[PDB]
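Shown here is one chain on its own, the form deposited in one PDB entry, set out as structure tokens.
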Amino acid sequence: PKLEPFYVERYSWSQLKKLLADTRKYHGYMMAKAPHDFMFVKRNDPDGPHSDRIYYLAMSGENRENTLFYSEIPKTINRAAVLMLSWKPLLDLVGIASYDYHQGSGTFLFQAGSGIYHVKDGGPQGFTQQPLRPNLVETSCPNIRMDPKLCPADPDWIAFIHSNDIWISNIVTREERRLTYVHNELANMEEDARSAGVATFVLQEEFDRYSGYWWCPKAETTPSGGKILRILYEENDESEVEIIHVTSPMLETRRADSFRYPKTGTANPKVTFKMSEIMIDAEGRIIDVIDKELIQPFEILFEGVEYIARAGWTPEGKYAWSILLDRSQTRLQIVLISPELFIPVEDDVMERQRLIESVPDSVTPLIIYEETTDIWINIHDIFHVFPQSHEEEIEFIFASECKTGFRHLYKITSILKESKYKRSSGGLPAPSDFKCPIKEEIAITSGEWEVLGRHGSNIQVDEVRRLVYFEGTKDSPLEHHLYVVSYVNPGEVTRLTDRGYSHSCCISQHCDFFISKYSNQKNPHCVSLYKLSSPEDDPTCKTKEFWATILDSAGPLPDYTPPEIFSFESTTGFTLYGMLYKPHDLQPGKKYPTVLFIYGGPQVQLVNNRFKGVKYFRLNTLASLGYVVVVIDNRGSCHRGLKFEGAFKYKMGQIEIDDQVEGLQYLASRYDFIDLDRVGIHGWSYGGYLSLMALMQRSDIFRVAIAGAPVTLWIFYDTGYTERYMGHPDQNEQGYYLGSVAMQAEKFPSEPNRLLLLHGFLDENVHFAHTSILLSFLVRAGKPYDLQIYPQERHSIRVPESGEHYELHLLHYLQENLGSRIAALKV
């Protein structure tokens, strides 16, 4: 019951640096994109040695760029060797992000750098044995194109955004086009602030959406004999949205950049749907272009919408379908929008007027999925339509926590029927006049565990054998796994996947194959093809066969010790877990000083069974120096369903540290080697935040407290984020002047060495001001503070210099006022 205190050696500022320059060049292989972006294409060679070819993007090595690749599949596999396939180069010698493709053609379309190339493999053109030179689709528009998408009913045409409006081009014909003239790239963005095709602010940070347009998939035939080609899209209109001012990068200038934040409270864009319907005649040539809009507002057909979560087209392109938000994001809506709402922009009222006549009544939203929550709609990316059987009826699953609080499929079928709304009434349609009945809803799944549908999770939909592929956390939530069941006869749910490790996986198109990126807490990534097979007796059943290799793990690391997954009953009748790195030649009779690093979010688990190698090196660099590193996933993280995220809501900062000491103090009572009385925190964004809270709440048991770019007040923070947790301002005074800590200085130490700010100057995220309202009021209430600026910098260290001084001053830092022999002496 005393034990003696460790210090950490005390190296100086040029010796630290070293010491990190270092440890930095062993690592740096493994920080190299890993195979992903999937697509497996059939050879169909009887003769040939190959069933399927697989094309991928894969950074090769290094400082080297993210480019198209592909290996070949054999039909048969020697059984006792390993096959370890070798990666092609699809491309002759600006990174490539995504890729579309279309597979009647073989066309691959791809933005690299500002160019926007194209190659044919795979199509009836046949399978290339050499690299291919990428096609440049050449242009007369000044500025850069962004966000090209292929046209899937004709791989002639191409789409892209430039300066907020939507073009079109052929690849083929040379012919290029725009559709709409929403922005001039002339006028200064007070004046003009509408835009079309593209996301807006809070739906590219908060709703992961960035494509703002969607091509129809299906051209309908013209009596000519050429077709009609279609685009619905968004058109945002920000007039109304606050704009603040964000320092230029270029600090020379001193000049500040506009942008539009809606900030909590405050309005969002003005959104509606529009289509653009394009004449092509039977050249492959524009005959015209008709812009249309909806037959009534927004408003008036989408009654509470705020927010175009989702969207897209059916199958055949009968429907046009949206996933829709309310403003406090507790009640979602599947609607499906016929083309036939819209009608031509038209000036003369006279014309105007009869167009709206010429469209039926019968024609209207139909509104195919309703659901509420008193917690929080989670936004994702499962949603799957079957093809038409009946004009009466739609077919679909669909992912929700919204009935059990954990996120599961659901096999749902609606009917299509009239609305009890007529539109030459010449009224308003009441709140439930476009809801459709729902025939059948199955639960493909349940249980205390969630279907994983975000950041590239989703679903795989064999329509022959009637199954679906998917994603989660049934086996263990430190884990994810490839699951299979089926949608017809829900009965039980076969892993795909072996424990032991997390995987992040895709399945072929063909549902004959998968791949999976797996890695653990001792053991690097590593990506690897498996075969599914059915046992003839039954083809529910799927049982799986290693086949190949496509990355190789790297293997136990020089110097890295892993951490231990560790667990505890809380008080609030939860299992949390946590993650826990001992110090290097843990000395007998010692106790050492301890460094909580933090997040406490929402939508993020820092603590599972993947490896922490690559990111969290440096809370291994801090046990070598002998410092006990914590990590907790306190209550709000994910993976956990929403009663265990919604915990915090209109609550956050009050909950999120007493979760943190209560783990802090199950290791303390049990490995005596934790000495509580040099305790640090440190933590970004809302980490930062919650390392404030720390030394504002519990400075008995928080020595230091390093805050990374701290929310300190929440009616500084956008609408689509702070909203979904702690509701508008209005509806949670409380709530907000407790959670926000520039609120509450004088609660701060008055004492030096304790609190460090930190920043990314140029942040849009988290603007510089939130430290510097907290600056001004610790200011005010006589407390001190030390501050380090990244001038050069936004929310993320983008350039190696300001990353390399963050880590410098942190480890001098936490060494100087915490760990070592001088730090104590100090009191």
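Note that the rigid core is defined as the largest set of C-alphas that superpose within 1.5 Å between two forms. Numbering follows the first chain given and starts at 1. Compared with the form deposited in another entry:
The residue among 54, 68, 797, 34 whose Cα moves by 2 angstroms or more between these two forms, once the core is superposed, is 797.
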Second form
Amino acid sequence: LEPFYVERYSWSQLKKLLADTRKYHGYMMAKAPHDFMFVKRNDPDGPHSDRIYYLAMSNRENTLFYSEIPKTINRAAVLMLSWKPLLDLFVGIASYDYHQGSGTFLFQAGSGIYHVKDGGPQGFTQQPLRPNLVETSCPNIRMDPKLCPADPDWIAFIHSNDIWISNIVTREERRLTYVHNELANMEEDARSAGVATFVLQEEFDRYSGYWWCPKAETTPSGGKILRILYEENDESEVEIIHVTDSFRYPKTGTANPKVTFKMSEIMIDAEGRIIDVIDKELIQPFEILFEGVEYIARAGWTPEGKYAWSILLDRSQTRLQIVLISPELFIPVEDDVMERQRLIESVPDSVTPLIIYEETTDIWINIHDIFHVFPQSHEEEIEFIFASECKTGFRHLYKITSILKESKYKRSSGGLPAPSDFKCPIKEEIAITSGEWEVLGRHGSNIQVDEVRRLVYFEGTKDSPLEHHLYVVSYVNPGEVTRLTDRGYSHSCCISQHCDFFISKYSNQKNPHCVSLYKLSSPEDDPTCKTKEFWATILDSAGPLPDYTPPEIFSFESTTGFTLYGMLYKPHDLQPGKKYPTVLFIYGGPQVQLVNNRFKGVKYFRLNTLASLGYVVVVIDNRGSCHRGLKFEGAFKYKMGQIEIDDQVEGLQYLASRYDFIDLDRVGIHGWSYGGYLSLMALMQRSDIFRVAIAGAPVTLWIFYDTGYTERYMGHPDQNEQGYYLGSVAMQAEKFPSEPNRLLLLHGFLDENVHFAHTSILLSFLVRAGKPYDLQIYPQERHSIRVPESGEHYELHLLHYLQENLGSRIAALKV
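For the form deposited in another entry instead of the form deposited in one PDB entry, what are the coordinates?
Here we give the lone chain, stripped of any partners or molecules.
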């Protein structure tokens, strides 16, 4: 079998070749319609059932569109919905709030907060609407604006890490919290109000830190009380890091912010003006009420506003509690310590945190966005749907009834609560779903509960670990699960709040993403049984790209007892009796799955380019990758970096003994982030297999990464001395090759997740160890390769590097 050698292009040729095949994209394309809302027309004589509002790009601003849903279609034809701009514009909108009662939209668009009215009592527009600025006196950019659901004249926003409110009719503006000072330096002033800190945004996808009570409590006076639950964070003890401003980064094994809950009680007169603002604090400290809690993972309100709820995690992230928090647990902030004593005694001992759910695992808690509270029908019971892996090892929906009874803990006795004094008994716990597959609850995946038909819609892997599908099941007598989406695609969906329509954004390997609307119905005889009919296209496919050759999906029966899936890009113009150089592309880390039946043409296009130059490309989902349950994810607990390259090599050898065109003496490996890490691990542990590793923004030292990620997967470094040692490439610089042109590092200097520090400390230990390395730095742009200028130079340098040191004739003659 004769080696194939990639045509040795020049840097000028390779630049032009890249510039010609990039007639589209910048690692992403126009954002597909998203954040759908369904509003009923309610016109007996009109042709349209519903108006749908969404965000999309028509290089254009992300903004708000609507489309008309007709009552009936030509079932012969295909209706392409037309996009009607909602807004007049003379940046972008990333999200929006809506109040159905009033038809009020609220959204940030650059520095400005705007509002417009559509779909309420005032009716439906046939023309773009003028966004109305919410006038402010605040000097700095306002962030994270939200309508009071109890009263849509009122909004809240954040300004210099404090919570403010503003009335969009009266223009009254009022600061609620006094915890931060913009003029003091972030070394001195490290307290915030209503803002998710770094680890909760980066490692748990919680972006908001305050929650409006959805109901107003009327006064005797004809006024009302509006309420805001908010987290308050003291980041003083937290490590600072400087990146050519500063910021607060809890490094593994170091302090997370000090956290509590607070309650702002806002009194309004009959005319809608502020009488008073009372800031309120927990009757006892957070550490006393919620013992062992590190992380406030999610929070909000019960539907009637009777309770705040939170999902609370311990530091090890192996204990999850759901807790109800009555607003009566909060008392005014009071400086007079006798007056404060009187406020403490004034609240009954019967008023206590209510742990309505608690679970533990020896692997990890994966936080998700699934939690639905049914209307209370009795004061002593709450009924809710939650999702959990902790019962069977696959994430399933459970319908739970918890009993809300008095604690044995009486605060009057002057003692401190015992570890389970707030545990609620479970009256009932029922599995709504089960089996060797998972319900999705992350990255837009959620449930829609139909409380009239007693159904829940959910997305899952039931049909295949390689496609997300939409499903419905009864939550009252769980039996039959109906798949609502069609096989041969992966679906990302949402359901109308009215439960008579669903939208799917779907793709496969051959076919770019499309977005289509589906009507839902019931056979006249059984409202429980659900059928779908096609209604309309929102976004048409481009169809198979004229140049792009999709990969093939393969699987192998691993010795570890799991099926492993992979993608294979056969080289273009394959020849008999020639074996081609192989690039393995890897992520390999938790919470990600590369191999599924979706279009890889937008973001992984250049794996096709590589194939067009004469490289075999391989991608494998090693143990630890997601959508295969907690046991499969749990393989590397404490052992990150130890098992991943085994699976990669096993799959590569599987492919090699099946296809003689794979040249095992010319394997390169390339990844970003966790994939950068495994590229380094691969060259270090298996220099026999891998000729070259290109490591992009690698983790090189687990103690330099953050609390929320590394402790979930690796525990505390005191309890895993060898895991941290073996897992940390920088601690093992002496195991790298002593021959150059095998190791290439790539990093941006201003990277905010994986710091340049990882590359720079690796470089220090490579230098002390007398080891060669190549380096490409993207000096600015923070996103480094996401920004096209840095990205095109990366693609270019990468293609040349593989040509010079793996692919070409010269490369062979260099060794």
